[PDB]
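Coming up is one lone chain in C-alpha cells, specifically the form deposited without the partner chain.
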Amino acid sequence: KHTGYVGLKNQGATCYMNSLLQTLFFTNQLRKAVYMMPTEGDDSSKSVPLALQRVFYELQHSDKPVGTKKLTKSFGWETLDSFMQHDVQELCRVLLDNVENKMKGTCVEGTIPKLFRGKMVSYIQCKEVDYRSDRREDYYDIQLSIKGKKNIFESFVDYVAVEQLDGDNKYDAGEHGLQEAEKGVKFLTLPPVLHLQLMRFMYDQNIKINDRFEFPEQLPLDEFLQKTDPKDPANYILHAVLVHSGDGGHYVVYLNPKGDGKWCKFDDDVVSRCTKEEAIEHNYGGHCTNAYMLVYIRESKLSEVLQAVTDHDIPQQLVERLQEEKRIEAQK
C-alpha cells in the first residue's frame, strides 16, 4: 500500500480495540513471542491466544484490511455496550493476561512481565507517633490525572505527591490506635514499555474532559524514581498516541512504528503517513480530538523491543493451521 502497514476492519463499537491492537502489534518483541505460543490443539473459537496469533499474522501478511471477529468472540465481549462499559487498560489486561498464561512453561515464558511490569513502593508515615509501613506493588500501566495539570510532568509530580490522613479518615496505626499520617507512592522500576492512560473520563454519568494536556516526544523520568542508575537512565521515547473525538466519537491511533520519528495515522482501514505535529501537538486539547493514552519506550530498550520481524519468525504448525482456515473460509 502507501505505507507498507495495513489497516483493520471496523466490525462494531469496539472503540479503542483497533488502536490498541495496532499498538500491541507494533511492539515487535511481544509479536515474536505470541507467534511462539503452543496453540497446537486449542479449540479454534474459544482460545484468546490463537485468535491473537491470527490477527498478528494477518496484519503482517495481508494486503487487505484485517478482521477482528473471531477475537471479539474469543474473549467474550459481544454485547452492544461491552466496550462502552470498560476502558482500554481493562481490554489490554484481558489480552495480555491470557497470553502471559499460555506462555507458561515455554521458551517465551515471562515476556509480558518483562515488557510491561514495573515496581512501585506504597508507604504510610504517621506524623506524631513514630510508625512507617512500606510494601511493593506491581503495575502494568499508569493512570495519570489531567484536570488542572498542564503537562505530563505535572501529572507525575501529582502521582508521587504525599497525601494526608486527618480527622475524618485517620490512619489505624494498629497498636498506636488512630493516627494522623501521610501516604505516598514512589517508583522503584519503570518497565521497557510504558502504558500511560490519561484520565479524561470522569463522573451525572461520566463525561469527557478536553482541556490542554501536553506530552513530549522525549520524557525524562529519572527524577521520579526512588534511586537512579547512571548506566540506564529513565528516558522514554514516544511510540504511540491513542486518540478519540467528541463525547459522536471517532477513535484513531498515531504511531512511529520503528521509533525513528516517522509517523503514521491508523484510521481503521486507512493508513497514511503524517507529520509529527498531527501525532503530537495536535493531540494536546485546547479551546476536541485528543489523546487518552500514550506508549513510551525506554531508549535503552528501543532495539530489543522494536526488533525486526520477518516471516521466518512465525512457525510452521501455526502457518499451515492459519493457511487451512482461510481455505475453509474460501469454501464460503
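Numbering follows the first chain given and starts at 1. Rigid core here is just the name for the largest C-alpha set that superposes within 1.5 Å across the two forms. What changes on going to the form solved in complex with the partner chain:
Checking 217, 166, 232, 222 for C-alpha shifts of 2 Å or more between the two forms, after the rigid core is superposed, gives a single hit: 166.
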Second form
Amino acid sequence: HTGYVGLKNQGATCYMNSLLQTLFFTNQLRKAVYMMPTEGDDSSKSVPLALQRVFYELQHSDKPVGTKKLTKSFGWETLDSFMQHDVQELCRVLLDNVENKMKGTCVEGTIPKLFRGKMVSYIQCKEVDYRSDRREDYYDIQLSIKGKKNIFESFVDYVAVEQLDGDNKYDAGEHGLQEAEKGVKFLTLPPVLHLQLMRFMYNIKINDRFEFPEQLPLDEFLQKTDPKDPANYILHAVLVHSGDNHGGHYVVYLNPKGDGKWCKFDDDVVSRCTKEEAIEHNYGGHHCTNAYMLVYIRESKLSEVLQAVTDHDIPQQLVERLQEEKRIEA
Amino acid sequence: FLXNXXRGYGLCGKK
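Form solved in complex with the partner chain, following the form deposited without the partner chain:
Every chain and every other molecule in the complex is listed next, the one we just looked at coming first.
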C-alpha cells in the first residue's frame, strides 16, 4: 500500500534506519553501490558488501529488512554504540567506505560527484594589505539552530563576517596584531545536500521552532552564481527525532521520487503521510518532534539523482551471492 | 576539518 519496505528494529541504532532509507532512495548512489566489486570480500567485515545486501533487501524483500551484518561490518555492536556516535560520523563511515571501494572501477568518483562541494574562507586585514584565502572541500553543512527562526537565517549565520579586533585581533605575523575580518562563501553546492541541524548541543536538545522549506534557493550564498543553473534545491528527506536528548524515537520522512508524495519510514512500518506531517510538523516549537537532518537535491540534478532503478541494475554475481547466503542460513 | 572547526569531506579522526 506503499511499495516500500521497512527496516527491522534490532536495538538502539538511533539514526541508522533513517539514514539507510535516505541513502537507499539516492538512486544514483544506489546503482553505484550495486556496481562495487565485492566478489572477493570477507562478508563478516565488508561494509561495502553489507550495504549492498541492505539495499538489495530494501529493493526486493516484502518483509522488514535486517541490518545485523552491517552493524557488525563497521563494529558498532554494544548497547549504546549508536548513542556514542552521531549521524555525521555514520554518514562519513558509510560514504568513505563505498567511495574507496569504487576507486578504480566504472563508478569511481560517484561519492564526490553526488556529495562534495567547495568553499572559500578568508581573513582580510582591515588596515594593512594582507589577506589569507583558504579553499577546501566539504560534505555536509552544519547549520546553527539556536536563535535562528529558519534555514535562511542559518545560512546567513554560516557565512556571516566575523570581526577580529580589539582583544581577538588577528596576528598578521610580519604585521603583528591587526584588525581583520573573517568570512566564508560557497564556491559550489553538490547535487545532494546533507544539512545537519545542530539541535543536539552540549548534552542538550534544542526543540525550538526551525522553519525549512520545500524548495530552497541558495544562489545568495555562492560567490558566483550562474543562470540556467540556479542553486535551487528540492526537499527529499526529513530525518526526525522525538525526545529531549535522552534516547528518543527516530523516524525519517521521504518523498523518494521527488514528486512531493510523502511517506513516513518508522523502522518496520512504512506508511503514507501528508506533506504537512513531513515538513511543517517537524519544525518543532514550544513540539519536541523535529528535524535534525535535511536532504535536498539540486533541481537540475533531480532526474539524474533519482534515476529509475531496475532489477537489472544489480549484478548477477551479487544476486547469486546474497541468495546463496540465504540458502545456507535456512 | 573546515576553517570553522566543523567536519569536512571524508574521515579525519578526532580533533
